[PDB]
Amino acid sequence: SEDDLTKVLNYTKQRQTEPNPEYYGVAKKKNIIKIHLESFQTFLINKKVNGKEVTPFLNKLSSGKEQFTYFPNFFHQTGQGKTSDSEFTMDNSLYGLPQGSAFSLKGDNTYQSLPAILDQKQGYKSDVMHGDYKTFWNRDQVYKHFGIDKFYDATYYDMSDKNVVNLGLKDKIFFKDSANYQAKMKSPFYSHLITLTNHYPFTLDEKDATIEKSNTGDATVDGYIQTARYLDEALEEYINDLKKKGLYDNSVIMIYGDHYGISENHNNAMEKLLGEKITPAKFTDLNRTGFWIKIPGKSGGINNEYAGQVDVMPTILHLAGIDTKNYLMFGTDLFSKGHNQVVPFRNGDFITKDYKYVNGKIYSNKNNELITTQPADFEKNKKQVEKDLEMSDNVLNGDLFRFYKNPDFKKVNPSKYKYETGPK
């Protein structure tokens, strides 16, 4: 079994990249705020419905002129675990499982997670905040294994009828209360806010909506417009609050969509909304879920690098100034010149700068037209994709971190973590 771990460790070595000296350590011991946008796809960015911008605040961030670096070619890599798969990957640079939920099935595995590394190396305290109860998606158990110090779950918010819609707390209340909790924290902290309102079936009380639905006739697509606007407004106000509380300028702030909100079931309506047929290649393009990052002392902009959620962990560690040579990670640092510009998807599809591989066919990204002559790097990339998924699965299925005596990681004792019931 130790041999199985050794094989994965050796496999992950070749891709390792050196940090960009422009970015290496620039955020050492600064607060890190990580903002999850439930079910958010970047087809919303710059989209108008009935003449109204769906997501005007995110549109401003996406211009690159508002201190955030926006990655328009940034993809989730989730499977059946959906939100929990995104969380898993964001904090571990590992894939979820091909079937089922890693959180639900592998919650008592040994991990060497991002929050634990930040805690150990730089004295961070890590928290998650979320307007649902802690045992949903097995978060209570998983987070203890990840070494997350605090979980402000629904018991930390007023869950009365007026404050909830669909699965739980409304995003506007959530962000307002969460900013207030964050202002009471000691630095350095690593805080992950997981939103909720922009979730299937995408329902919002009329009183809370500020944009009319689209008119495709598909209730999912049409409702998504309203919940996406609501989330955008909630986020805008959250950023305002951070500025008032002095938690904006000197924090690393990242924003990301977790996974797609609109499945292929909605191709008819999405063709109406977007004005083109949703082919398999087009659907793949629509799996862009976005990454925006603000780094203190650094200008924003637009970075066109093709990338996935696996890349976030090494990016954050390098920004902190932490040497990552001993961490078992599949991603590479977004800001490094050597960033591996190949994005595996959980189903074996993948994308690169020039082409996508979708259900056994290769398409040019320029026009989504079929490529008949196999690209020079295709075999290499296809192999990397297949092996990345297999190797990651081996870690989860073999619980392989049990066997890793890592010089740069102190084994987490999950019994040292407990999430007390909140005051509400």
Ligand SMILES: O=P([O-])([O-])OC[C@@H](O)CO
The other form holds:
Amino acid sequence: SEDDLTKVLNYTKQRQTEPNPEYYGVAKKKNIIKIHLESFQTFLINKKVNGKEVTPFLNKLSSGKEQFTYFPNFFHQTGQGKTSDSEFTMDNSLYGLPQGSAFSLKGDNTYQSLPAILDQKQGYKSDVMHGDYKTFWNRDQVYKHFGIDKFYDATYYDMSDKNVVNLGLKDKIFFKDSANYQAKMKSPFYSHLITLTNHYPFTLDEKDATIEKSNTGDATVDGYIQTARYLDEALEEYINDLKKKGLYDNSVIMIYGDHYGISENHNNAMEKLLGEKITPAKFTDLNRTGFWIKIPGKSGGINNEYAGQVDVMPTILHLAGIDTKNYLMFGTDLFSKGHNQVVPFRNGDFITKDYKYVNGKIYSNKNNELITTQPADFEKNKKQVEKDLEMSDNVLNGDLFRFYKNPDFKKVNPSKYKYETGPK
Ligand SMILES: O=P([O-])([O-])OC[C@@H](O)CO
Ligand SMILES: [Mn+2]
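Can you return the structure of this protein in the form deposited with the ligand bound rather than the form solved without the ligand?
Now the full complex is given, and it begins with the chain already shown.
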């Protein structure tokens, strides 16, 4: 069993990259704000419906002219855990499980998570804010194992009828109250805001909508337009509030969609919306969920690197100026020249710069046309993908961090974390 840990540690060594000297430690001890966009897909970026931009603010950020670096080729790598899978991978650089939810099933495993590393190395206090109750997706248990200090769940927000839609709190009230909670925190903090409104079935009260539905006839797709617009507006206003509170300029700010909102069940309506048949290759391309990052002292831009949510943890750690040689991680720093441009999907599909592998076939990214002559690096890349998923599963199924005496990590005591019921 310590042998099983050893094999995984050895496996993750070869991909390790040196930080880019232009980015290394540039955000040391700066506040880090992480904004989750529920069910957000980047096919929305620059999209118009009835002549109106669905997501006008994120369109500005995605221009590269607004202090954020946008990655248009950034993919979620989630499975059945949905939001919890995305959270898991964002804070651990490990995959979720092939079936079921790592949060629900591995909630008392041992972890060496991002928030705990930031606390230990640099005195970061961590928090999550979310307008649902704390035991959904077993977050109450899981976050103590991650070493998250505070969890502002639904009990920190007014959950009256006028304030809720679908699963709970409306994003505009969420961001407004959350900005006010962040303004009262001590620096350095690591704050994760998880939104809720842009969630299946994508229902929005008429009085809240500012764009009309598309007219595909598919209620899911047509509704998604309105909730996506609403989230875009909530976010624009949130960024405004940060600027007013003095929490914008000197914060690392990251924004990301957690996973796709529109499944292959809606291929008819998506063909109408996007004006193209939704083939398996095309659906794979639509799994782009986006990453936007603003780093103090650095200009924004567009970076076309193919990458996944596994790459976020090592990127943040290198921005903080933390040496990561001893962390068991599957991703690599987005800003390093050695970044590994292969993105495994939970189902064994994967994408690279040049081609994608989807249900046992290879397609060129240029045109999504079938490739018949195997690329030079295909067997190497396919093997990496398969071994990545298997090795990550070995960590979760063997609870392998139990056997790791890591010179750069003090074991978390989960009983030291408690999330009290809020005033609301
Ligand atoms: O996992 P899902 O269903 O996308 O997200 C739901 C939640 O985050 C609710 O708390
Ligand atoms: Mn989600």
